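Asks: Residues per chain are reported as follows:
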Amino acid sequence: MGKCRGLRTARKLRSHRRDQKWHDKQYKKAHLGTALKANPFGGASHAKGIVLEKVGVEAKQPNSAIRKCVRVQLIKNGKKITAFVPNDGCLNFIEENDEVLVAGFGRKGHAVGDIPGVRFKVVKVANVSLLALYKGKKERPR
Amino acid sequence: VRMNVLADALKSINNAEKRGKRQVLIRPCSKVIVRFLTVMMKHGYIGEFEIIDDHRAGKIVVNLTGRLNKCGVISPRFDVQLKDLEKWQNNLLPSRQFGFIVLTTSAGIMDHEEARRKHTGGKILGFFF
Amino acid sequence: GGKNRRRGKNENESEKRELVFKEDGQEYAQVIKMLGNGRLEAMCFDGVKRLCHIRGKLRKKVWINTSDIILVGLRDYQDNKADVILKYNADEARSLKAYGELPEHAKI
Amino acid sequence: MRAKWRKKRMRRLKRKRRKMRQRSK
Amino acid sequence: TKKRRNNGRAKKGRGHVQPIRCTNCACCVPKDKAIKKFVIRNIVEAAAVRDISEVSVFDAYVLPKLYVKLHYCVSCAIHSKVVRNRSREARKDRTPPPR
Amino acid sequence: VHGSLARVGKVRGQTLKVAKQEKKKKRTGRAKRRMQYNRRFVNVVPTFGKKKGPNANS
RNA sequence: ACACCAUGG
RNA sequence: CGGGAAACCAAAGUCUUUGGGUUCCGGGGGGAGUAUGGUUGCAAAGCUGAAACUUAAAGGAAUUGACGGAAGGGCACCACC
RNA sequence: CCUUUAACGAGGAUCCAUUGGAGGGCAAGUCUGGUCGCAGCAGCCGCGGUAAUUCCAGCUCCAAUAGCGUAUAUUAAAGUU
Ligand SMILES: [Mg+2]
Ligand SMILES: [Mg+2]
Ligand SMILES: [Mg+2]
Ligand SMILES: [Mg+2]
Ligand SMILES: [Mg+2]
Ligand SMILES: [Mg+2]
Ligand SMILES: [Mg+2]
Ligand SMILES: [Mg+2]
Ligand SMILES: [Mg+2]
Ligand SMILES: [Mg+2]
Ligand SMILES: [Mg+2]
Ligand SMILES: [Mg+2]
Ligand SMILES: [Mg+2]
Ligand SMILES: [Mg+2]
Ligand SMILES: [Mg+2]
Ligand SMILES: [Mg+2]
Ligand SMILES: [Mg+2]
Ligand SMILES: [Mg+2]
Ligand SMILES: [Mg+2]
Ligand SMILES: [Mg+2]
Ligand SMILES: [Mg+2]
Ligand SMILES: [Mg+2]
Ligand SMILES: [Mg+2]
Ligand SMILES: [Mg+2]
Ligand SMILES: [Mg+2]
Ligand SMILES: [Mg+2]
Ligand SMILES: [Mg+2]
Ligand SMILES: [Mg+2]
Ligand SMILES: [Mg+2]
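Protein chains in written order, with the numbering used here: chain A, 5 to 146; chain B, 938 to 1066; chain C, 37 to 144; chain D, 16 to 40; chain E, 742 to 840; chain F, 993 to 1050.
Be aware that a few hints might be false.
Claimed, not checked - Partial list, derived from the structure: chain F residues whose beta carbon lies under 10 Å from chain C:
(1) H994
(2) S996
(3) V1003
(4) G1005
(5) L1008
(6) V1010
(7) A1011
Said to hold, decoys possible - Simulated restraints, written as ranges between beta carbons of each label pair:
(8) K7/A to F1066/B: 24 to 32 Å
(9) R21/D to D60/C: 48 to 56 Å
(10) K7/A to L943/B: 15 to 23 Å
(11) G6/A to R835/E: 33 to 41 Å
(12) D60/C to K1018/F: 42 to 50 Å
(13) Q24/A to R762/E: 33 to 41 Å
It is worth saying that the hints were derived from the structure and are not from the lab. Even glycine gets a Cβ: it sits at the ideal position worked out from N, Cα and C.
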């Protein structure tokens, strides 16, 4: 309903755009610093940790299954996260007190699918990938 | 208030063309309005025009053909320097075969096609097509 | 309880019933008390209470009220959790009591 | 009206918590 | 959404109008929102006029009227069937119903 | 259901094994592209109305 | 010139 | 006239044929006008004002049904009198 | 190392091409066995409760190809700054 068009208003336009960028969600999330602090990864793509004990997250109402997550503690921070072990019978490959490398789930901050409270997945069990053990291309070292 | 006289002269010409009127009256008159109308008439978008002279700024009566499609103003008079001109006439104009951009250069009020022919930039006023 | 619900599989009741016993990693239990969200508190007929979850197959098709005999399948990794697999009626509960299946601490 | 009653209950809780925090401090 | 151009009230170029009490409800309704009705009825009756025009000790006695100005709730007037609903296109007819 | 219905690897642990029946070596590089060109631009038998998806089992 | 009228595998 | 998702609007029009001047202000739904710091007030409270976390929709206008302890006109001893 | 060169060095069964997928978005099967709201899949909508086009496999087919998939930062899409 009105914006200054005049020839010496570069300061007003620039300052208003700079002031209003702070209402864009992703801009503020990326430039504030609270998300980089609250992120259980230190702003990294992957992270190694130790398995505390396996758990049985039950899926949300329109589906029914028991999703079989694990509870990991991260090396560099000491934070406790919950990670997902995706495949048919891949929870047998993960004992307790063995270090696993986990990665993100694919939405950059959010729960994917019917699983509540889970945001990461497990990609390596002990220096060997969960996709070589799932096809028999490798095996656990003991 | 009437900050800009040319803006409302051109908007009152353009509001009447959409309506089929044979004539308009526009007021106040100004030096830049008469030059812009002469440029718009040399090409054939409007007919003759008459200046009514009170002892004040005056009024103009324009004979409208049916050829004018749109005329308008660029609100701050930006500086245009013979290299911005192509990027200007790719936003304002509807094609490359017709329609003119009007700018004031140190050699008078003219169109872009004459500005490049005389190697001069200046300030943009408006356009008509 | 009566309703306009003539729709749905109409009538799943009969005077005949056949027993089902325990298996590998599968125990009996007694409902201790009712919770929300379809959950439940139970008590395995020997040890732990082992809070249970009513599985997707039983939801609103076979109801479970407090203080009844049930057959639950234990989880290997977790211990305190289990899933309600089957319900035992009064006659079948007493039958199990006769066959000596359940340690006779809970009665019908 | 859940809106103004929500408002009043939140105002009450906030008054209580502020008065407690000030008293014990 | 916006059901009436005039918001269901006669106010234009004013901030405030004085409230008034709904005549059976005792409600509190703005003077130019309330539903008004001016009744002018015979004091005696329409049927029992003969029993009185005959007993009167005056030969030509005209019976007085009884003027009352009634103000109504919106709900209270809808409930006594002083007004009713109308079609979306018929709500725009503002003429008094034919006698 | 028989015992710990929430067991892991249940369905993959009771699937009948089938050996792969494979033999013939598949062509590679330019030779595959040459075959795919033939199989749809010059090896053709046309009809109106009908549907002809390359894997149609119907 | 207006008694009561809650809930839903 | 023209505009708009439409309800509607001579302005909510002169807008992809986009530029008359200028102030305020919004950026999916919640957490929340909350916590915290500042300021004002005798008090109640006003002004300024986040985040972690959570979620696939919340919402607007209009259409066709069904329902109404809504109104009008009719009807049936599987309704009443 | 390349380049130049001798002498050996191919019948396709090995001198054996992979990585992802086949409901939609989005190129490609309502083919056959197994499981039966479980195991699992699924970026999103959604698949599985005894006749599964989506799970586990076999066969067939689609895409790019000595490369292809995944997690994260960022740009265009965003006229959602
Ligand atoms: Mg705000
Ligand atoms: Mg948010
Ligand atoms: Mg309404
Ligand atoms: Mg007011
Ligand atoms: Mg009722
Ligand atoms: Mg109740
Ligand atoms: Mg209730
Ligand atoms: Mg219901
Ligand atoms: Mg206006
Ligand atoms: Mg204007
Ligand atoms: Mg928001
Ligand atoms: Mg505010
Ligand atoms: Mg404060
Ligand atoms: Mg959903
Ligand atoms: Mg509505
Ligand atoms: Mg409707
Ligand atoms: Mg009626
Ligand atoms: Mg009759
Ligand atoms: Mg009777
Ligand atoms: Mg080198
Ligand atoms: Mg393959
Ligand atoms: Mg697959
Ligand atoms: Mg398959
Ligand atoms: Mg697809
Ligand atoms: Mg397709
Ligand atoms: Mg089958
Ligand atoms: Mg099948
Ligand atoms: Mg961007
Ligand atoms: Mg955004």
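Asks: For the range 33 to 41 Å, tell me whether the beta carbons of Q24/A and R762/E fit it or not.
Replies: violated, 51 Å
Asks: Taking the closest Cβ pair, is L1008/F under 10 Å from chain C?
Replies: violated, 22 Å
Asks: Under the criterion of a CB-CB separation shorter than 10 Å, is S996/F in contact with chain C as hinted?
Replies: holds, 4 Å
Asks: Looking only at beta-carbon atoms, does the pair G6/A, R835/E fall within the given range of 33 to 41 Å?
Replies: With Cβ atoms ~39 Å apart, the hint holds.
Asks: Let me know if the C-beta of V1010/F comes in closer than 10 Å to any C-beta of chain C, holds or violated.
Replies: violated, 27 Å
Asks: Per the CB criterion, is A1011/F less than 10 Å away from chain C?
Replies: violated, 30 Å
Asks: Lying within 15 to 23 Å: is that true of the beta-carbon distance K7/A to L943/B?
Replies: Distance hint for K7/A, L943/B holds at roughly 21 Å.
Asks: Do the beta carbons of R21/D and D60/C sit within 48 to 56 Å of each other?
Replies: holds, 54 Å
Asks: Just to be sure I understand the hint, the distance between the Cβ atoms of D60/C and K1018/F should be within 42 to 50 Å; is that true here?
Replies: Holds - the Cβ-Cβ distance for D60/C and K1018/F, about 45 Å, lies within 42 to 50 Å.
Asks: Is it true that the C-beta distance of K7/A to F1066/B lies inside 24 to 32 Å, as the hint says?
Replies: Distance hint for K7/A, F1066/B holds at roughly 26 Å.
Asks: Would you settle whether the hint for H994/F is holds or violated, based on the nearest Cβ-Cβ distance to chain C being less than 10 Å?
Replies: Holds. Min distance 5 Å.
Asks: Holds or violated: is there a CB of chain C closer than 10 Å to the CB of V1003/F?
Replies: violated, 16 Å
Hint compliance for this structure: hints 3, 4, 5, 6, 7, 13 are not met, and every other hint is.
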